[PDB]
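Next up is one chain by itself, shown in structure tokens, the form deposited without this ligand.
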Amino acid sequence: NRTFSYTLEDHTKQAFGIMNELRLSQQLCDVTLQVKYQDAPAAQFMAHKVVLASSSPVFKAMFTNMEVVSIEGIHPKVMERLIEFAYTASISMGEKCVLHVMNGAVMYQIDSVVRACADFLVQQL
């Protein structure tokens, strides 16, 4: 015909696969999240601002104006699981963490995780 179009359905999933690898390799990272919560030991997470922005309106606003960002109000382990969700589309936690993850997900407006954690606590009743 006049016009040839093509779509690879697995593409976004494959590309996030490689972006997650680059995050774990600490390649092309432009933000370090320095997480200090209460008496828990300080933890550091290197990430890509554009991936964090693509999964969180709070990160998008934060970065749209190698940066070090100071984060309070969230346990390192919850920030880790939120970052992993942003890079993987998957999150996992012990039943006793679901509340702390929902709290983290509301703070970073990751609405997908808020919904799933809320649906779980309600089912748990």
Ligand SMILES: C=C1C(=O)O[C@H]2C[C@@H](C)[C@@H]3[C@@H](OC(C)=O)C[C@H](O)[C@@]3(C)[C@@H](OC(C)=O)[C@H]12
Contents of the next structure:
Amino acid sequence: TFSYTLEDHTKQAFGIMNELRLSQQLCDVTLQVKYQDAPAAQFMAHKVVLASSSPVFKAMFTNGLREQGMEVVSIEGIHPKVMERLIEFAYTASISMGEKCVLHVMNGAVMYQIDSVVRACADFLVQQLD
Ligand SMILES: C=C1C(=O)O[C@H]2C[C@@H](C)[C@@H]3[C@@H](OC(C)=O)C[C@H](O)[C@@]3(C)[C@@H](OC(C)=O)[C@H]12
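Next block, the form solved in complex with this ligand, ref. the form deposited without this ligand:
Whole complex next, starting from this chain.
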């Protein structure tokens, strides 16, 4: 019985999924994000990728017999630049922010139950303490 693992596979595959997001290929969800006075922004993505990084997106998208193709979802209580970074995190495993924003990001991550960014931003904030 021959067996093989490519330990770099998930990383390569995500690199391509993020390219597909950036060229807007295969996308099946458009996140329309309106936050108070921010201009509206919209982000296209793949449901299965969002679902695999956030229990909130997974529950959002897993509903028996559902839409065919492009669902537009309205997103309210989060700033576009925060949603942007959570999407990136989901597609890349990485997130960056101006130390001013660590808190708004932690807020976004809590709402989408992105566990690992929640720790990340809590440890930062706490480290930032005397
Ligand atoms: C870095 C950005 C981010 O990731 O989310 C933005 C949050 C948004 C509410 C922010 C607003 O904050 C105030 C004081 O109204 C004004 C501010 O211009 C803002 C749009 C961005 O800048 C910072 C440092 O907070 C934030």
